[PDB]
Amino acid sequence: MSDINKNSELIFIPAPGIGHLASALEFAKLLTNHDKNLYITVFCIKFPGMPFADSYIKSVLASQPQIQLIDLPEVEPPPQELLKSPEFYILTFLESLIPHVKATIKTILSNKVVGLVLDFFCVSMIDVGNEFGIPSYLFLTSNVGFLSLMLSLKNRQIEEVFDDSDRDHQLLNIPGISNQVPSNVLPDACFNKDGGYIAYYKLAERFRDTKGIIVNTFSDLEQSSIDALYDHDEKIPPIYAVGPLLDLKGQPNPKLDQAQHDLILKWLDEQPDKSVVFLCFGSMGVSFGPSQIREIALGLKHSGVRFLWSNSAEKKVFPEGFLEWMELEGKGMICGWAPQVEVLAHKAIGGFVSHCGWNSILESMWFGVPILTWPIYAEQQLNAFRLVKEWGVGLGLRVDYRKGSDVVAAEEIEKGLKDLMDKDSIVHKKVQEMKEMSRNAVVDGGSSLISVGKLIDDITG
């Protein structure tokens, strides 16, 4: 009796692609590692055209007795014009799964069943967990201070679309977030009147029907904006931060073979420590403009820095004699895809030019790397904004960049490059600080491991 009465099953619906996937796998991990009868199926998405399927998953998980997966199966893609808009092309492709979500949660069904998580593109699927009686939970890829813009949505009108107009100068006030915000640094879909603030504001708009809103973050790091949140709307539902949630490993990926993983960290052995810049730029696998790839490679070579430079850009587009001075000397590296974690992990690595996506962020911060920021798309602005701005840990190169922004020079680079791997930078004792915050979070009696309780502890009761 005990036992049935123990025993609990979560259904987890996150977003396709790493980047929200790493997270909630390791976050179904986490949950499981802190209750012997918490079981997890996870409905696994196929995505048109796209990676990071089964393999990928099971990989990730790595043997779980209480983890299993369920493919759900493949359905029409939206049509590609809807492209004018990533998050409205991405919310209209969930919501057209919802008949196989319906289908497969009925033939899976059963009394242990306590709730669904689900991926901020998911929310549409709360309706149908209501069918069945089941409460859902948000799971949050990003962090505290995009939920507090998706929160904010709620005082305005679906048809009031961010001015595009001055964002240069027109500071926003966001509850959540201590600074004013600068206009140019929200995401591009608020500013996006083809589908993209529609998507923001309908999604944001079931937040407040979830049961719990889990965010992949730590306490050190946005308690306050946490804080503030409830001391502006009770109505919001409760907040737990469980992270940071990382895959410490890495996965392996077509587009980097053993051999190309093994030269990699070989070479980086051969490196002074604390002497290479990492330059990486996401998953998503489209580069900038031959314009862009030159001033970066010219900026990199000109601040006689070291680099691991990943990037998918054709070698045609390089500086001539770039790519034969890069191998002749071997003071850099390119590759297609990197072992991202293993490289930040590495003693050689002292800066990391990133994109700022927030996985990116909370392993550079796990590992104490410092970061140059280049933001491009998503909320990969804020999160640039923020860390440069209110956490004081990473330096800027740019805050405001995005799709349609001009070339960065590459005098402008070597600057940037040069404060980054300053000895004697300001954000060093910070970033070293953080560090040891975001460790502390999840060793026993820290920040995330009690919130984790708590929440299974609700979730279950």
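Residue numbers count along the first chain shown, from 1. Rigid core (definition): largest C-alpha set, two forms, superposition within 1.5 Å. What changes on going to the form deposited in another entry:
A 2 Å or larger CA shift between these two forms, after fitting on the rigid core, occurs at just one of 256, 284, 172, 298, namely 256. Remark: with the core as the superposition reference, the CA shift of residue 61 between these two forms reaches 2 Å or more.
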Contents of the next structure:
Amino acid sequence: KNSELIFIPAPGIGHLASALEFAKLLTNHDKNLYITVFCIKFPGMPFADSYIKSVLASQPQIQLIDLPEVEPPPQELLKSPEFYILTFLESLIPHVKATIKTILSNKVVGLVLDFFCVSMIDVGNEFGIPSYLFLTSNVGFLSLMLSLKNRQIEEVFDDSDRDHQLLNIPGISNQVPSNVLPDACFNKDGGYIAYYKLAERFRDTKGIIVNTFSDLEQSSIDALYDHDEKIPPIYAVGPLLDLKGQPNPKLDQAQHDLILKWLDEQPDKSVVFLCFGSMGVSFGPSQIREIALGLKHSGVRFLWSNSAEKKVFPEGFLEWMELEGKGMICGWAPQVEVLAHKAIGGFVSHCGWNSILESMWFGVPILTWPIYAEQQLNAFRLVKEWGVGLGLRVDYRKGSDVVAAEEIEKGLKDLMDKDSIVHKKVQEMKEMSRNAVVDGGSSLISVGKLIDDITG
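Could you output the structure for the form deposited in another entry, given that the previous block was the form deposited in one PDB entry?
Chain only, nothing else included.
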């Protein structure tokens, strides 16, 4: 009674980890379920067969297969990250098809695709294999995507003309402003194209699985259904977290120890952790200097993760940290290990989905600073829907003016203020997020139904 699923995730951090965690989650709930993961090399850069294979504790039911590398797109499409990936992935079609045929057996029960790989549904179709969608984001994002059915092909959401006009999208309860919409929605350079080409097929999958939980978004899932029947079942099976923590870019831990030892010396819940995603979107010098001054004036202790050159900081800043020791800067960080630390009391996040889920898992309040993509949307809903985060910005993006130290300092104080409201809902979101994946929890129930539908 063996069943096999083919997993084709997208290259990255917030797209590969949760993918494997999902593989482990499923195989843990069906001894007879085996999974093949097609490891695809993101244009040259690592993050491939080193992490996807390391986390692979030889898990018997999870196999790894490397697809040969390919000539990335014309480095011209970089104008649009979205349109860049969509093209690179579509170029992997011949190989994808090729590889499936080579391992296809009457035991292959379906393909599990990342949102950016949803175009490959036509390959599975050729082999009579149903395809499932794996969204590393939330249901609100799905809705935004599922809401584009009422669009054209040449247009580009508001035609890049956004200001203060509200949009009504089935899925999110609150009216959604234009400024929280992802960058691709306005990217008339292939950005809107990609989101459209991809969202086109959502309703063509056998089921859509989402890295979220019921207590957090059942209301939207029910609204998506209630609003449309052509939509396949949705499976909330999250959170899907890598509580272990990606080893690299840490071959050893010389610095890994520095960060934790430093946090071990701070008063409980006094530190605010700032970190802005894996990509490492480095803010310009001005923004860095302003965030630095903001931090000093605020008086809060802090662990700031960034990739800015030392000379960029305001004069006196670095000395002041290494002397008064109220703060510290570092490059790549053990985010999960950090958020797990008891000294942490606040998080200035870019609002990537995982960062938000990990933060909720540990009951750490968030001061929002979205940057690229659906981050604004996450930020928007975080502050004005689930009330678990304070807003510094929710419409910020690559192009906005610099955020002044004054604003930052204010947000900082509000976020660390113990009597703020944000601290309340947070502990509740922690309970909920954690009761979601225990036996009897809403996500484990979903896993069973998903595995049942997959192998029935």
